[PDB]
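One structure is given below, encoded as structure tokens.
Yeah, one chain of the complex is gone here, protein chain that is, but the others are all in their spots.
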Amino acid sequence: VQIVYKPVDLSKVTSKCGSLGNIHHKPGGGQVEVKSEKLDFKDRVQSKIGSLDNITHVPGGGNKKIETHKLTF
Amino acid sequence: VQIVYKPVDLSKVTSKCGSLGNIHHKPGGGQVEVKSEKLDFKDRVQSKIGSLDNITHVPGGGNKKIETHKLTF
Amino acid sequence: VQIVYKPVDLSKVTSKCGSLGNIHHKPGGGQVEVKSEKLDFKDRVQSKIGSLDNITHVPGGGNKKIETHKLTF
Amino acid sequence: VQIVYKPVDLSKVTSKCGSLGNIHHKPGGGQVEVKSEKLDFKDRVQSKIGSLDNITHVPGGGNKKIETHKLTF
Amino acid sequence: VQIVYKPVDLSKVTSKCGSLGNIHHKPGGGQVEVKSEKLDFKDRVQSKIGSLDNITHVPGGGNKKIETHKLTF
Partner (left out) sequence: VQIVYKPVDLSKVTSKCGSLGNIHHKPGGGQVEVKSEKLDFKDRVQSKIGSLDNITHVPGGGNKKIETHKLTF
């Protein structure tokens, strides 16, 4: 048995851009109010209040080339 | 048995950009107000209040090449 | 058995950029107020209050080349 | 000639209030951009740019009693 | 001629208030950007740029009694 695994890649993954900007992200600009009385919890509580986990991601490129090669006998 | 694993790669991942800027992220600009009375918890509590875990990510490139190779006999 | 594992890489991961700047991250700009009465906790409590874990990441490149190789016997 | 000018005032001008608050005034929160080329002015120029003359007035009373009395012969 | 200018005042101008507060005035939160080329002015220029003349006025009373009296023979 002879196996030749000989792929060739000459690709380009390319961006060209002018100025990138004037970006506004303002999550949770409003009043948040929580009132709680007489609650019973008999098991675990996870609580998040306000403005959490928000992302502003502004890459000047942001290109992805994701590639996978496999052989098995 | 002959196995000849010779993948070849010449690929470019590229960006060209103007100015990158004037980016505003303002999460949780509003009043957050929590009032709690007479609560009972019989098990674990995790609480997060206010502005948490927020990200501003502004890379001048941010390009990714991700490349995986395997063989198994 | 003959195994020749001879992968070849000539890639580049590249960015070019103008000025990178004028980036504002202002998490938790609002008043945060927490009022608690008569709470009972019978197991572990984790509390985070205010402005925590927020990130501002502004790399002049920020490119990633991630590569993985395996052979098995 | 007899002139008797004898007004009597027993009035009250009254306010009663709870808490007064949580007031937000945010004029000119957005980007202001002015580009001018080759303008000729042959007379006087007054220019105002940005956020000017804004008022936030929050009196705990703010009552007015304004009164005028006159006699003439 | 007999003139008797005998006005009487027993008035009150009154406020009662709770707590007065949590007042936010944020004029000119946005970017101001002025670009000028080749302008000619043959007469006087007044220029104001940015955040000017803004007032926050929070008196715990702020009540006014204004009163004018006149006689003329």
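We call the chains A, B, C, D and E, going by the order they appear; numbering starts again at 1 in every chain.
Here is the rule we use: a contact is a pair of C-beta atoms (placed from the backbone, for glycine too) under 8 Å apart; a residue touches a chain by one contact, two chains touch by 3 or more.
Undergrad: What does the interface between chain E and the hidden chain look like in terms of residue numbers?
TA: Interface with the chain not displayed, on the chain E side: 1-73.
Undergrad: Can you list, in ascending order, the chain D residues touching the missing chain?
TA: Within chain D, the residues that touch the unshown chain are 19, 21, 50-51, 56, 59-61.
What we mean here is this: only the chains that are shown with their structure count from here on.
Undergrad: Of the pairs given as A-C or D-E, which one copies A-B, with over half of its contacts the same by residue number?
TA: It is D-E that reproduces the contact pattern of A-B.
Undergrad: Suppose each chain is reduced to the average of its Cα coordinates; what separation in Å results between chain C and chain D?
TA: The answer is 51 Å.
Undergrad: Mind pulling the chain E residues that touch 2 or more other chains?
TA: 22, 31 - these are the residues of chain E that touch more than one other chain.
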